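There is one chain below, alone, in structure tokens, taken in the form deposited in one PDB entry.
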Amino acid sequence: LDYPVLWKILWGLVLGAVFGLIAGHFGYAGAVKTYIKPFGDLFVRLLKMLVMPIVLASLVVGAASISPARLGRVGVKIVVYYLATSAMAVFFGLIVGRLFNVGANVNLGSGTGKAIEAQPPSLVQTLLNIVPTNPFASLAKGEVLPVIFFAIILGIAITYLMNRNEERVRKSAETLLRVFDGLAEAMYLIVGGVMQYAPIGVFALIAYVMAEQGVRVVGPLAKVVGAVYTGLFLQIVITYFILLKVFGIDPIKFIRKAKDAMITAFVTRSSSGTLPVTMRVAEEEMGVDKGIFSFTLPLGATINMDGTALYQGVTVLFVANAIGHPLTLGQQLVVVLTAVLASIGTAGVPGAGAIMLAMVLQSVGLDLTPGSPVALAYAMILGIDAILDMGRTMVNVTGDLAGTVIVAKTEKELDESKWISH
């Protein structure tokens, strides 16, 4: 029968979260899961549908445009960008976590230090596994990063065929490129259609996440949730804003534009499954060239270490203090750095944080055996994980946009007409 407002996706967030909270406090969280949540599963399923086609096609079309040496430059830039913001996330994660003093109370356990054969991640085979041995297979499996490799090789090769002298060579290559282009275009059209549904699906998703885990943010857990979020906020408001401003980009204009991707990132808790919304934003909103965002955006849905360095800095310090194990500021740095290195090869998927935490705890030598104190801390964190996941993913997508727009500004943004107010 409706609805007129176009500021709705943000309305659906707030109304949903408030509805979720109330439904949960009154014991009705069970009912949300049944009647409301599946609408958000639909929202989520549809976005999932577009991720392989949009990413594959947009990057064939984008590496075919621009050029391989310029493409190379955009890599070094988006990577230098991610080290910079990663150090800030690490630093803020340590600071924000100490301030709230998250290990408030109360149980005792048995200390340890780095133990059980102390190996950092393999990370050779992680690299060799970028090059897909069957492009068709990597498309059928969800694998983003090999598709990125094959899409870039296909694109660069396509362009080389179009400067070849023979006419058959040039007309065939172009028909091919034309097909990816038409495909990419259809995809972007569709996500716009999906986004018409988005505020209902955004509503259903925090309604559930709030009714389930919203009731749990009481007590000593409030402080970790409280800490992880002032940490996000600091990362955005200081390191992203200051970074945008230094490159001559208005920080407030950016957020009004990034908003759809941010809210979607948040509720969806998947970088890879927000990629369709993010990319359309990079194009229809930020005015970024496909030759840029088709590479940097899906690459950063994997490589961005910001939200893990944030999350990991807080929860390691929470476990450390609940179980009584003294952790100096330095050893926390070396732990978070290990988790961050260890996270790089894997893309953003919901649940990733608790999973990664379990790994750093084990490896550092703690016993995660049942009823143990340290198994009890992890289990507390694990119970607010969706709440934390939402902010982990959202801080990542935001910075994913923020670096895409900076690197773009550095060659062909170029479209400044996209930002003028009237």
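Positions refer to the first chain, counted from 1. Here the rigid core means the biggest group of C-alpha atoms that line up within 1.5 Å when the two forms are laid on top of each other. Compared with the form deposited in another entry:
- Superposed on the rigid core, the two forms differ between these two forms by 2 Å or more at the C-alpha of one listed residue only; from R216, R73, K114, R170 that residue is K114.
- If you fit the rigid core between these two forms, you'll see the Cα of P135 move by less than 2 angstroms.
- Remark: with the core as the superposition reference, the CA shift of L357 between these two forms reaches 2 Å or more.
- Comparing the forms between these two forms, the C-alpha position of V14 differs by less than 2 angstroms, with the core used for superposition.
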Second form
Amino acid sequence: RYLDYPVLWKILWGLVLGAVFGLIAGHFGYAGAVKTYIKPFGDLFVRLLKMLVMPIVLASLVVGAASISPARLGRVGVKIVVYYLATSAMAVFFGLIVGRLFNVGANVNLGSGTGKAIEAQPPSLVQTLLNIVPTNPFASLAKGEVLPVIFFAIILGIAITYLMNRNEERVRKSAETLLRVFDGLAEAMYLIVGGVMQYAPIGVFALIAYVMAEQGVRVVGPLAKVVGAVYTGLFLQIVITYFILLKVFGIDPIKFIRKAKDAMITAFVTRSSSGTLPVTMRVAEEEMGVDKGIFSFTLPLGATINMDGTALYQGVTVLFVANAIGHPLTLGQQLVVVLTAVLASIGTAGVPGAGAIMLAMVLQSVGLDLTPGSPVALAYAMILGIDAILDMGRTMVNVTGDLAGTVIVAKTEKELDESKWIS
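Okay, that one was the form deposited in one PDB entry. Can I see the form deposited in another entry too?
What comes next is one chain alone, with no partners or other molecules.
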């Protein structure tokens, strides 16, 4: 009966009300009630979005790659990958700066030795890259492996267009029927996304409420300085790095944020950027006028290998652990941090649990090892204690970057529909 009220204001209301409710409920210790009675609605939201990810990516990308020439596709890939690597480097640098500014971990005062022992491996760059090519697309679809689905969909769309420009008519009509099936399937997926966003304010309320209820009490002391530094840094990544790059390429930054708000809040509360994809792709299509041939490729690629927020978070936690055990990082060490954070975004691309794998990687890069019972393990466990509060903002900036790079690359390909940007 509440469907008639506008949706976007509803999602903002749910964000604020779930936040206030969760703080008030967890401060009085009723956070277990929140986990039991409030959370499953946010879980329902998250499952409803996650359901759409595999069909909408596959279908949108067959369609888009078909509707575009391979030369342009390759050009878009080169552009978006450069944009991604550059923005990740910027975000590590920002995390380093805001951490040094907030002087994070300076008052934990742990005594620490000089011992160093490795934990996880980087999956070999060669094996990860080879793993981009699926050996069974039905299996990748069933397993939800995004990158090989991207690869298979691109190949299929390119094949479909080559077949449609052939002389035999049976060939054209077959390929055309196939492309119709993908086109209808993607059309339906975006329809359902719009339907689920009707339920979205409830889920936003529930997710933000549970995260504030379980982890609000923990935002005090040195971890409070961590939360403040991380969130200020994310804010800087948005209002400086994104606004300036959007301003250079002639996109009004405020119009961009106003349009992106739904994808942003969905990322902020589901803490899954892949599970925000249906909202992100529909936002790119029906708000920013990006052509399917751009966003249907850049946005899943970006959910997988483009996490500015995570990079900034790594920049803060390396400072936190280093200052916490008493060995602040030398300039060259911070350069090593930036370099390895970007290389680690590439190296763990698509690997499950790559969050902790990259963090172990960066820490290992400057000589901070997670040996059990050591002070470094202790400080890292300190951070993981507020990892969810951080995950909200981290995921939000991860998705927002994807949208900003998609709009920039599109404007540079004249595949951006200007009619949506007129006041």
